[PDB]
Amino acid sequence: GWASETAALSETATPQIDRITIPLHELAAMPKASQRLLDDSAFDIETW
Amino acid sequence: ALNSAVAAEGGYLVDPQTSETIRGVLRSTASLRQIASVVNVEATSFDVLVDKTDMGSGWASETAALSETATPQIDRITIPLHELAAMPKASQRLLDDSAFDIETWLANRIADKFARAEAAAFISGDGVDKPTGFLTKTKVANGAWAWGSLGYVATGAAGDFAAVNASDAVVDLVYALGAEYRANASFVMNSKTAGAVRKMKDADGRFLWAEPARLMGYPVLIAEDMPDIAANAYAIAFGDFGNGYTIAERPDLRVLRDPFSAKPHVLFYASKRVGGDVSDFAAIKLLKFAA
Amino acid sequence: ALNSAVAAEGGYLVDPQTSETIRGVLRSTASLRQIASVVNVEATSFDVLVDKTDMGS
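Chains as they are written, first to last, in the authors' numbering: chain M4, 146 to 193; chain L4, 89 to 298, 305 to 385; chain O4, 89 to 145.
Excised from the complex, chain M4 in its bound form:
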């Protein structure tokens, strides 16, 4: 603030630091493919 010609000029204020956390979770998927329908199938399911 404007100090003015005469004043004590006390301590004003300081930005209060706040911390935001990005917990970094994981994204998972487990397609359960049978073994039969994996080698007797003409389509490559393991790459599909």
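Simulated crosslink set (SDA-like; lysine to any residue; CA at most 20 Å straight-line):
id : chain 1 : residue 1 : chain 2 : residue 2
1  : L4      : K177      : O4      : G99
2  : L4      : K357      : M4      : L154
3  : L4      : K177      : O4      : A96
4  : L4      : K280      : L4      : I316
These are calculated hints, taken from the structure and not from any lab test.
Use these hints to put chains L4 and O4 onto chain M4, whose structure you have.
What follows is chains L4 and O4 alone, placed relative to chain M4:
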């Protein structure tokens, strides 16, 4: 564009020209420093060494077996060299926007106050944290004069000078001082004592005493810190302060500006340190008004 | 030597600056001279000779 008197019709184009230097009341400077013994000393104290006595001469015979003669005993006097400090507070917004030189004026106005505050200590100051003036030196009647004391001559009447033979207490004070100290000696009075001296007039109304304002031919230092003519006061002193009084000082003024204590101000802290008391007690006589 | 706020203190010796040149409100300079015909005439008056009509054929 018209007359410079009325404001709107061209009166705003004037700008009063201010002073060159910021003047001030010209206060007393007769400080006894210019007549006493000022010695630069960068220490905690000054220790003078005097010879309170003298030797003995023989006038030896042709066959006399010369004996040992006297030898002057020696006195040491310690000038404590106290300090004098003043701390004026000037705003920082002022110092910036103040076309004069406020710092140089503050140091020049302080050095005027110090040269004036130490003039009181050299005359009537006591011993605590300040030089002892020659008035606090156990004044003893003259004739019964010892070394550790200042002599004085009495006037007669208590309130003022003698009732009948006035102006004899002044002349015998002169000739009670020693022909070698009177060579360069001077009275010390205040403004209202030197006035009461000039008002002294003979039996016909004419002044009996005939810019430096000397008295009986000897100079007069018009102090402002000696006592005036009271019931039992020492209003007039006279002596060779060139040898009687010694001043010890550091010939500078240490100013420490402090922008930190008072934050929007600067708070100049200046302090020179000076001390001094009488070193030759035989060289200062006094005029007590008691009896 | 105190603050420059009250008069009988540092407040007397401040002396504001004064805007080295005196300015004024700005007025338009378009004067019809940059379209009209300006003729330097050192006389009591100027005449012009025109042809209010034309010839015949």
